[PDB]
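*Asks:* So you can see what is in the structure, the chains are spelled out below.
Protein chains: 2
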Amino acid sequence: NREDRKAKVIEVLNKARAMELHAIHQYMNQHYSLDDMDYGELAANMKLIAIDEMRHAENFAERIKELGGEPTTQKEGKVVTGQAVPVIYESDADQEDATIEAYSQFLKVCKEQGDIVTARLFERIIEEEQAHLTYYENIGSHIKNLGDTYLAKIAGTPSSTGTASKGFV
Amino acid sequence: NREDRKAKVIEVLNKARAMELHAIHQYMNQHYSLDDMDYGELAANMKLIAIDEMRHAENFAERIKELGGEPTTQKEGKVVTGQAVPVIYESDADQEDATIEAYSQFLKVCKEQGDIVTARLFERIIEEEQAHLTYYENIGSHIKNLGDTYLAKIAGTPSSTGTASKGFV
Ligand code: FEC
Ligand code: FEC
Ligand SMILES: [Fe+3]
Ligand SMILES: [Fe+3]
Ligand SMILES: [Fe+3]
Ligand SMILES: [Fe+3]
Numbered sequence: 102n103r104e105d106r107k108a109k110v111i112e113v114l115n116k117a118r119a120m121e122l123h124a125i126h127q128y129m130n131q132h133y134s135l136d137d138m139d140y141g142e143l144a145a146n147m148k149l150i151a152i153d154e155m156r157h158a159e160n161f162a163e164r165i166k167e168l169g170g171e172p173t174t175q176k177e178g179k180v181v182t183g184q185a186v187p188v189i190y191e192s193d194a195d196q197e198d199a200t201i202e203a204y205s206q207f208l209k210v211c212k213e214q215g216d217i218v219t220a221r222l223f224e225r226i227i228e229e230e231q232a233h234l235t236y237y238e239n240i241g242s243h244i245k246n247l248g249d250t251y252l253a254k255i256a257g258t259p260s261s262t263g264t265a266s267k268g269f270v
Numbered sequence: 102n103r104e105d106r107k108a109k110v111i112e113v114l115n116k117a118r119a120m121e122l123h124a125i126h127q128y129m130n131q132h133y134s135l136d137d138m139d140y141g142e143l144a145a146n147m148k149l150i151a152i153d154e155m156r157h158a159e160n161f162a163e164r165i166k167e168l169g170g171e172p173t174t175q176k177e178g179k180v181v182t183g184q185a186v187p188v189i190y191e192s193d194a195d196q197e198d199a200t201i202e203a204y205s206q207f208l209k210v211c212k213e214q215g216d217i218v219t220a221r222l223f224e225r226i227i228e229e230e231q232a233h234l235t236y237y238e239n240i241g242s243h244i245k246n247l248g249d250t251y252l253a254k255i256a257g258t259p260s261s262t263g264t265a266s267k268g269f270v
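These protein sequences, in sequence, are chains A and B. Quick note on numbering: our numbering labels position 57 of the first sequence as 158, and the sequence is numbered without any gaps. Quick note on numbering: our numbering labels position 86 of the second sequence as 187, and the sequence is numbered without any gaps.
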């Protein structure tokens, strides 16, 4: 039934959205650590990736509203704090790869429920996740192979992500 | 699948409701004829049964709303007019028996859809439909076995169904 179809898509959309809220908090917590450690270029790209996750959360929420549902406000799982730099990139690569696997299953549900608009949304966001995955794998590999030589290059670099973002005040 | 289940129950509820809307118009059409004939007692009971059907239509509508549906406004089947007195009871008896058969089917769907509240609503209404059936069966029999001897007894009796209907004005 139509209603049936909508409910099942809203469910995978809220599951995905919950994963995005987790990622925002997880990535920003690592950003606070990298910034504190004064590894500016690393801190900056971590925050830019977090902002892509914010955009995903928002796109998911907007489609949930188009389908008449209520966007979840709760993140999936727990944020790991106090990770060492190698652990940050290893676990973030792991998480990105798991997110792509999950969204790929959610997409198939969309296809089964005859929801082309939502499946296209998953497809576009999955391609962004792949860009995130490649990034994290590359940094992990530099840290693996080069160690402190690589740290020494990032030490003291600019941490700016650009102009402060649009706000009300 | 909550939405499949609500949708399948709402479908038999709207089906039963359209059988009630037809019944209301069918029995009141016969009431106007009986009243015109001045067979008071028969006219009064025919309107009282119509009012019972109004209450069934309403109960079906309210449950449909609880389940998030839209109560139908269309009646099932055609109203037959100018029915003679023997045909009124014979046809009302047949229609009540057909309704009990239909609703026992609808009850079945409710139970299959795990809708206990709606199943109980049908069981309760089915027992009222049996009261109507018995009534029509008895009148048809008297008319068939005693003919005009029984009608002379009904002639000129009061047709009042009680105090005037609560209204806005
Ligand atoms: C959408 C959305 C969500 C999800 C909320 C939801 O419930 O769906 C959302 C969630 C969050 C959450 C948590 C945090 C808090 C992170 C933390 O401290 O753990 C959180 C934090 C930040 N957001 Fe965020 N967001 N977000 C935008 C949209 C969304 N954001 C847009 C747009 C911009 C654009 C800013 C700009 O262009 O200047 C933006 C920028 C930031 C900055 C950057 C500040 C700066 O450099 O000035 C920080 C920090
Ligand atoms: C419920 C409901 C429906 C279905 C509406 C829907 O679309 O769901 C509904 C539908 C109809 C329809 C047609 C008719 C018109 C019949 C015709 O003329 O063919 C129709 C006709 C009558 N209704 Fe009716 N109904 N109905 C109530 C509930 C419902 N009624 C309740 C309650 C009372 C309570 C009256 C009282 O207590 O004084 C009540 C009374 C009457 C009287 C009584 C007049 C009198 O003696 O003053 C007549 C005639
Ligand atoms: Fe994402
Ligand atoms: Fe990502
Ligand atoms: Fe009825
Ligand atoms: Fe009936």
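Derived from the structure by calculation, the hints contain no laboratory data. Worth double-checking, as some hints may not be accurate.
Which copy is meant is left open, so a pair is good if it fits within one copy or across any two.
Calculated cross-link-like contacts (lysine to any residue; reagent style SDA-like; alpha-carbon spacing at most 25 Å) [said to hold, decoys possible]:
1) 166 to 220
2) 212 to 186
3) 166 to 104
4) 179 to 265
*Asks:* Each hint should be assessed against the structure and marked as holding or not.
*Replies:* Comparing the hints with the structure gives:
no.: 1; hint: 166 to 220; in the structure: within (16 Å within a copy, 32 Å between copies)
no.: 2; hint: 212 to 186; in the structure: neither (39 Å within a copy, 59 Å between copies)
no.: 3; hint: 166 to 104; in the structure: both (14 Å within a copy, 16 Å between copies)
no.: 4; hint: 179 to 265; in the structure: neither (29 Å within a copy, 67 Å between copies)
Checked against the numbered hints listed earlier, the structure breaks hints 2, 4; every other hint is satisfied.
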